[PDB]
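In the block that follows, a single chain appears as structure tokens, in the form solved without the DNA.
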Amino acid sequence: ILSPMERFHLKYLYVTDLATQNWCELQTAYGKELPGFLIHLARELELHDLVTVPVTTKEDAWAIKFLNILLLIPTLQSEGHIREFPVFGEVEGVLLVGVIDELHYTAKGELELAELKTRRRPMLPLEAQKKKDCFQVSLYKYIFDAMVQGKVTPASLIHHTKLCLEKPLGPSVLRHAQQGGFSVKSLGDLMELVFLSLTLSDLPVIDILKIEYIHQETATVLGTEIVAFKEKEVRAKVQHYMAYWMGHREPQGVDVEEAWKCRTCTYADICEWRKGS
């Protein structure tokens, strides 16, 4: 009987879904089952799945994302700095989608991912918040590295998104592209150029994962995290997390040492884990 992906009618998952799954897996599950409850604007517009230019078909929305990538790649390779870079790729049988906030080259020529976290109150981030945030930026590197190394193909995206390449691209898509100097023929031709540009433009793997916490008003830095990426640990975690989404195990609540997370959880009054873990 249905897996959570089928039950919640999810064709793919967002990077933040797995980040909040690190906070509480049951809370993330309830967030998909009961969505009626529950700034980087491109990532926020991706979570509600809005898009940059008029949003009719899903082939149009993905075509816009592909045109953005084709422009951001040479911008990064010449200006050394870009923002809001879309990432996607199949991870353990599930397509993962996200938006990297900032990519730039350090003075030593290292490709650095920057993740800025603003806070209302000038308080240090919790250990549980840093665990989750470190997992999020590690996922960005996991997907990005696979993208620029040729491990993410147009076929894999079509399989999960059910994009139709027979449907021609809308005028708002073709207008956005021609105004950028590029003439898209078909969605299939666009996807093939994205693959080429991702893999043949000398894009290195991400060298630095940097998280910065800032108090908004005073601009005071509340901490800086240089994430120690270990790909074997990262893969083990997504394997475990995707095992729930694909339906191979039951969702888990928080550990008893972190029962304080339930104090401000929307679904505390219906969670059976909160009663008997």
Given for the second form:
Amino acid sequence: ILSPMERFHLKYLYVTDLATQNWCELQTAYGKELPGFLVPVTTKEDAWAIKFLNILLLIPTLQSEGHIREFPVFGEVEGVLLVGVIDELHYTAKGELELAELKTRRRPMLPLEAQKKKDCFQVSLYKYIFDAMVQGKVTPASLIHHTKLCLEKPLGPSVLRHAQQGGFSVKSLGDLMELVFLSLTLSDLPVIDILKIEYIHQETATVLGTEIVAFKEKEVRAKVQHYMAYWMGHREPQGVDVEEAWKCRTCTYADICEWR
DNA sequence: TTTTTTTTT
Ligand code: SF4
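So that was the form solved without the DNA. Now I'd like the form solved in complex with the DNA, please.
What follows is the whole complex; the chain from before opens it.
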């Protein structure tokens, strides 16, 4: 009678949350039900204000220096707000906007095909959200409705300090959101042309493989439509296929999972 | 709710 978002008290979701769902949807569900395993700010209007201030600083950096790291992304995807952080964004020598996702491994082994499908899906989500932000499909009203940010509340001295040191003078969280929308959509920010995953050995720094994700919008949209169907409560969570039963060996919830 | 990172007889 209650959806998983309501039962787990989740106002939105993380990008990796849907990536774990590609690994095993039921394992992601148990991770939210039983969490016992798995700038100074004590409020959510400031925490989102800091995220906005970083966006307003990384947009001009990317458009001049041509290389930024830790770029926040957010947006509503089939009824659920999705939040994430892109690791790297830079312009190639040819002029393409590339997304670099570095994945370090302790053992020099090639990544499993099951691991790469989870990783290919994660960066595709990053592009799915990024393309929507820079094209005007992510509005401040869309953010308020899902996060329940109170714009009437003033931002604390923690943020106004971090803002005046950056040269910008914030008055309200509302004025900050309107500049973020304008800067994202009116600064010639192109779509992401290349999605590149790289697997690196932690010690020897050996390249364990390079993945250039073949992005297909209709395929990506279809999967999150299916994945969000669980979170909104329109279907029951599903475990791994019988072929991937080796995942249940290293799963924390193997001794309570009735799928197994 | 500050997102994610990384798996493994
Ligand atoms: S035991 Fe297997 S099916 Fe059950 S949650 Fe873990 S990985 Fe998924």
